[PDB]
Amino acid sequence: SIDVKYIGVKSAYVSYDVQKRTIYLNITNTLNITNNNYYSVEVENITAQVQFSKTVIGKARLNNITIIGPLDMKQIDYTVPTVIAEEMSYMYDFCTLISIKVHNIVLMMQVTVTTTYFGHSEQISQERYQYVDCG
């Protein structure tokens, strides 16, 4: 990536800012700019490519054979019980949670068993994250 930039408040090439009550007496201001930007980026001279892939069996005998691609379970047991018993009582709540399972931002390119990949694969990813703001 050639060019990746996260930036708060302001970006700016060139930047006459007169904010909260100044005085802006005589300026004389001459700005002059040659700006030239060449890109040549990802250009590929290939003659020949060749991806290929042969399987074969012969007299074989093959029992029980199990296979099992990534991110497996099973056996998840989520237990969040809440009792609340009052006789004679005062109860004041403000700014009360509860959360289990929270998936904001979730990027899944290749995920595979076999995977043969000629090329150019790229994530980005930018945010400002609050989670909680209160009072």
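Positions refer to the first chain, counted from 1. Rigid core: the largest C-alpha set superposing within 1.5 Å between the two forms. What changes on going to the form deposited in another entry:
Of the residues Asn37, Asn32, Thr28, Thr55, exactly one exceeds or equals a 2 Å C-alpha shift between the two forms once the rigid core is aligned, and that residue is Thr55. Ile46: CA moves 2 Å or more between the two forms after rigid-core fitting. Annotation for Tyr78: C-alpha shift of 2 angstroms or more between the two forms, rigid core superposed. When the rigid core is held fixed, the Cα atom of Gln110 travels less than 2 angstroms between the two forms.
The form deposited in another entry is what I want next, because the block you gave corresponds to the form deposited in one PDB entry; please supply it.
Coming up is the bare chain, nothing alongside it.
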């Protein structure tokens, strides 16, 4: 929700950082902070109802009948990697990768035939990544 911050080297509220081979003399330095946060987030107030069937069938006749709910047959992230060779050869090579399914992250939150949802859903990734270094 709030202040989802990525900071690569350094973070401060205040910084007086002094780096290499420097001379830093006779400084007078003062700081008078009021820093106040009244975070009232993600506050909720709910009256809810969820009803998948009401049925009245009285004096009826219902002879042949068939009923089926929601039907799911997805394929997701589906693969058939096929590598066919005869003289598959690797010789004297320095830095070599033969990579046929690789992931850093899979996040999945709600994967469903059905959902009813009255909430708050937050999904976050923060990262630094190198696949190869071989200098």
